[PDB]
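Asker: These are the residues of each chain, in order.
Protein chains: 4
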Amino acid sequence: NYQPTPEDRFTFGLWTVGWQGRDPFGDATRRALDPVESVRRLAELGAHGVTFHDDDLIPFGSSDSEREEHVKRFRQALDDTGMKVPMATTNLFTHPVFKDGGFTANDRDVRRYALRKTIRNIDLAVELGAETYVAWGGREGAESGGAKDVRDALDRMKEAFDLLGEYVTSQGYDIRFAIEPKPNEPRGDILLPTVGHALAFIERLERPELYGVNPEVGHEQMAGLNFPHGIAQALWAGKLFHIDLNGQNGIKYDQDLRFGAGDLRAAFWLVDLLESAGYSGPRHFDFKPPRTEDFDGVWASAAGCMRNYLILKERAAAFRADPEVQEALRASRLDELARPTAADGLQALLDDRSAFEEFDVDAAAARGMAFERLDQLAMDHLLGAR
Amino acid sequence: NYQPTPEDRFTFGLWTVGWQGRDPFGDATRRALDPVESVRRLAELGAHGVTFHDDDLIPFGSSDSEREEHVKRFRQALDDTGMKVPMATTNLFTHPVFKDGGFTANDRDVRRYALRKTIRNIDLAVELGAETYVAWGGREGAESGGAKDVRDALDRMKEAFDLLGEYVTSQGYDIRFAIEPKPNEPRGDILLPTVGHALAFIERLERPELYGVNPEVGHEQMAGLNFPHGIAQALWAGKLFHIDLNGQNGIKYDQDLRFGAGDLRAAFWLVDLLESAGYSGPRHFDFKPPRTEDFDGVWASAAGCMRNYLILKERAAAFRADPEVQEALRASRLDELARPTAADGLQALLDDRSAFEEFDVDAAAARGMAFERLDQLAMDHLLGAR
Amino acid sequence: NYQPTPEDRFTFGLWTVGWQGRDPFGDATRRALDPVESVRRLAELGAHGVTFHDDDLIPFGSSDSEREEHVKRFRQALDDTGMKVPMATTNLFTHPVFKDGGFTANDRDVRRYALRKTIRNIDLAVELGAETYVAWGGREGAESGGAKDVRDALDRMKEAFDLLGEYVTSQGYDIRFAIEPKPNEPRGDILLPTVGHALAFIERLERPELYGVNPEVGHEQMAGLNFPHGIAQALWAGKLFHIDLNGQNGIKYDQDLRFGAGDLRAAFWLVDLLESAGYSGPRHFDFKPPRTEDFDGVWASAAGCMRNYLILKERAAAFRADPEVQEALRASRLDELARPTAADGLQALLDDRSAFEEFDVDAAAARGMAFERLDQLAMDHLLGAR
Amino acid sequence: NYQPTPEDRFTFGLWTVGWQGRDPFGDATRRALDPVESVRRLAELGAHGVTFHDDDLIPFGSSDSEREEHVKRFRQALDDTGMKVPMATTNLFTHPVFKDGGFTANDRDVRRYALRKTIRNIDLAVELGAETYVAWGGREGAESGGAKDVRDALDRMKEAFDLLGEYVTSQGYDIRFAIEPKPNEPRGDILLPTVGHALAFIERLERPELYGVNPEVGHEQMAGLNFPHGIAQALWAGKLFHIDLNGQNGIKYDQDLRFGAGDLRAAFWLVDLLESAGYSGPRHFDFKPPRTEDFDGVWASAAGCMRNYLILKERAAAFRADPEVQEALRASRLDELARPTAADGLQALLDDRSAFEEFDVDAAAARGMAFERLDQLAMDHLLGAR
Ligand SMILES: [Mg+2]
Ligand SMILES: [Mg+2]
Ligand SMILES: [Mg+2]
Ligand SMILES: [Mg+2]
Ligand SMILES: [Mg+2]
Ligand SMILES: [Mg+2]
Ligand SMILES: [Mg+2]
Ligand SMILES: [Mg+2]
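Which chain is which? The protein sequence lines are W, R, P and Y, in order.
According to the UniProt record's numbering, the first sequence is numbered sequentially starting from 2.
According to the UniProt record's numbering, the second sequence is numbered sequentially starting from 2.
According to the UniProt record's numbering, the third sequence is numbered sequentially starting from 2.
According to the UniProt record's numbering, the fourth sequence is numbered sequentially starting from 2.
Some chain Y residues near chain W, calculated using beta-carbon distances under 10 Å:
hint, residue
1, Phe94
2, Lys100
3, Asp255
4, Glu294
Keep in mind the hints are simulated off the structure, nothing from the lab.
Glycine included, C-beta positions come from ideal geometry on N, C-alpha and C.
Please construct the entire structure, taking both the sequences and the accompanying hints into account.
Answerer: Following this line, the structure appears as structure tokens:
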């Protein structure tokens, strides 16, 4: 019955199940959770691990002794449960000092502080076993046009990521970075607003091999984009280092619904792609149990994230394995799509009369793609209506 | 009075002023224009040049003799007016053969045909003096998830662009390519949906230096993105080879309103950026006079494109030159944004107690950014209310 | 196996399966269908009936003799199959005369013509047995602010609908009107853009009882609205006279995908509502088989519309009948939602200390809504994962 | 120089300039303001008045003595400045008790409490001189489909508004209600999501004359709708009782930018309409100075709201008064739009051969609307480029 186990690599941020329910118009509806209790409850649900921002694990402004004790208790919870910490990140968005950004703040002293804060937490992430270090620059951007020269900001962003790369290399760390795009919220427009923009930016870094993307379902959907398509481009680039899974109902504030909620068919095609491509990273949920829920509803919502992934995995696998679907894929020429256009080379193509002079465009145009039959087979598989 | 002259480099597609007004629910409202008459009328308005798809200039399926005559008449119109042709492109979207794409059609024979059709028109573009060859893959994409394996499609897309690069190099042509992203329409989702995705893709081509982007105002706005920000990232990458200017009112079908219509403040910030950055390419309008208009309204709408650019240019220049604005920019630390974060280097940053151990985060947080005063100065300049 | 029969009341517009595939960037990909062949093929799939615009059934500009023959052949097809015509409508959008509207065209002569064209087709609709006459004012609206004074346009719109009401009353017809909102496309903004705006407008008509709404799934979703919620408000008002079923992937051009495609969970909640509320009107599909498809794909896509409705009907009924769901609904206080707030009356409420002076707000706030467990039961039912 | 005075009727919510800057990802960036200091500073800027939620003026949970003192100090500030309080409202969204709604909470005890809380504040609003009582049901709605039966919720909503109407009538108050639609945020979907839905709902209330709408610029724009068009429909219905002015950049979280920011041309057309129609209510700003700003930036942003209104008022008036624009309006047949379609009556229309049998559709279709010239005159007026 779609029961998750640690082998499924499901992970959750401390800040997900720990979200107290404050929104722009509302006070908290739930008490803060001790990270130790979240680690235990998530393990009981079949999670593999957790993730953290610095300030989720150690309250901002903690003394060294307080820091040591927070980490010691967390380590004990990991040891008590067998949970892992595959990813960590920095909070460069909550404190009012970051109101115009961390790495791209107009104030240079803030940019330097943001880097120091990040570096401190990279060390801790490595200590706790993380393989990936996420950077979500939620405050990088603007509400107005004069406030932020974007070329200058990208220069500062590159400078910051290059320094972080220099740092991890200098320490001999194996950890890699994953840049998380988002189009807007909390800034009017956020820099690196989509998977594409982040992929493009990485190519200008000094050591691009150290950086990939951490796409989030709802973020791409906040720009009305196709999340599976963006994931495909990230995979094509060799840059899908981590992923954030959740749900979103279209173009609006980021909802962070449990995975499977929001756009259900996009969730199906996403799981199909991740599984077909052999993505081996964490299946990480960056979601918020709605603030309508109590403590029991938090765990139900977390359980639902994993359940929905597993149902979709089953249905996508059944779709791909069905001989009738395999026939439909051939009827729609998906096999042809995967063959080179012109392995014969440019001159051969130029000399090939079947490619122009004697190409029967009308006969080709008349051939239906048979995509609707294929898609209804996909629908039938998703719904268990075969 | 904001009168354009050829020195302003304003250009228009034949298909813009020549749009007959067919939309998904409506028949044509205007007769087809002879390209010769468009060249003359645009010249009279102060345009610098025009652009074309193959099939705008030579009707699809024309004989060699018909082709020669269409080109001869067009050349005479250019010679009669002094108009230039700085850019051309291929129509890989109208004919039903392209219903699943050109370069990424599932049918291999269609992909080969698309390449041959493109190559033929590259030769003509070069003959007519074009410096840039645009590719808008409007049919590349899908309505359903099973129809298009996006990694395979990107492999085919790369194969196509690499072959085109091989071709231009083999002929010793100086022409460069500009890939035009669009998020959707006419496909449910289009591949390379934003400037970022196109920039990222280019980095995987064999000869990336031959390819840039041709962003269109309304296309990025169809994903709710900030067009000036995307242009800034393209400029930062050295990839703004051409641009398509128009207007769009938010997230909906692509409207192709005249430039300045739609998001007026985004048009202001765009012009500010293009002028500040010294963009030297064509100011090309890819727009449609609304189908409500007659022949006189077509030319009024085209004239308005250029007028609005020139008004915005004046106001943006006045904004940047105003000593009160220059003071406000310093008050908002735009000067600091342009200074390196850590030219002192990583070790110096790590050793700098002013960056962490002794950084007064509260004092920094308390410093207002003064962005609202800056933005109201920008508003006052735009509106001529200083 | 989810096989439709005429008893399910599934209907289709002639223009749906008959869509030739022209889009703003593309020529037709399919030949025109004879309405007679559509009636036969739809009947073979288990449809109950069809619908038409005037100009779908009788080519625009037909002579009286041509008109009679088109109608005679159509009547014979209905008689040969047992198909019904429960709804008809007017094409007030294709012909260039309607470029600024029908009923709200700025030109008064066009407004008068639009009314005459509509009245002629009301007579034919009644002859063919229609119970509902739809009006989709797709050209009513504007691209620019000065072009259309909306108060004046609403005065003209009211005048038109009042005249149509006067007409049907004068003829003793039983037919009722259903106004179809759409937010945009083909106009930049369309008047009466949502279900709410149309419902509000109807209340100002002289005989509001003669008018309801014909909401379309994708239209409300083009404004990012919740289609089931809008349908609920229409039902609450007693105004759901007809419905148009299709699919849409978010905020973009209207896609007109087959029903069940697009937002699958919204389709589930829609069917749940229509069935729970006992909606007894046609289940009408206003969709377009994608232009990728041939003749066989058209019929597959049409069949899929009906199949998906029937699957969703089964799953929604199972959800509502499941004792575990019934318990979850009580746990979430859906029963309380359906009880009056203050049947005791205003003075009793004012005098009730349990409602304010002695209301334990903290205890009430602490009660979780249990919505996530409820929603995961709904997901499990939809996916056949109980 | 566009200097506001109290005669312009500009008003501001206490919660606007008083916004501390908490957003979903960020802590406060500004200290709380004493309402007394806001009243004084706003008066100094030329405001006419302020507005409040109950809990802005009197901290939630205040004792009777504390309440009296808060009100006494506020009254003194009004008296010291000459400021008015034309509108007040209830906070039915911040406290966790309202997590599933106030008037449409599933819990009946919460619905009763919401009504009592509202009634208490209606009394205070009347004492302080308010003419309008706003209701923004920001928590009314759902994240998931099973959580909220919308027909039942609308029954509860009607019951609540009817009770409030009964209450004000019983007390002999002159105050009227204004329902504020919003499409989403903080709920996934909010009930009464647009002006149209709210107008439609009002028509089902027992005493509809007591209720109008309070539309907010950014709210309609969050559904991609045309705010001026919605205002026109509200005016057409006689229901524009109050308005909330701000800015919004498209479809995303509600930004609450200062008025004039966001969609500048929509702001122009809005002011044109309000002034042309003779709207006499408050010009109320419901905005948030961005959290980047300090105390000085708050007042600059507030001043900008009023300045932008006044600039736009000047330009719209100049547009309408320009004889060249008046000629263009006639050329575009705006005069015809304002004339009845068929004051001659239905039978005369049916008998009028010029309306059908002898209507030259082709000649009518050929007449351009001249909307682009009109719109460029509007652009030139807005930009001071005539
Ligand atoms: Mg998120
Ligand atoms: Mg995330
Ligand atoms: Mg375009
Ligand atoms: Mg273009
Ligand atoms: Mg449609
Ligand atoms: Mg429809
Ligand atoms: Mg707001
Ligand atoms: Mg408001």
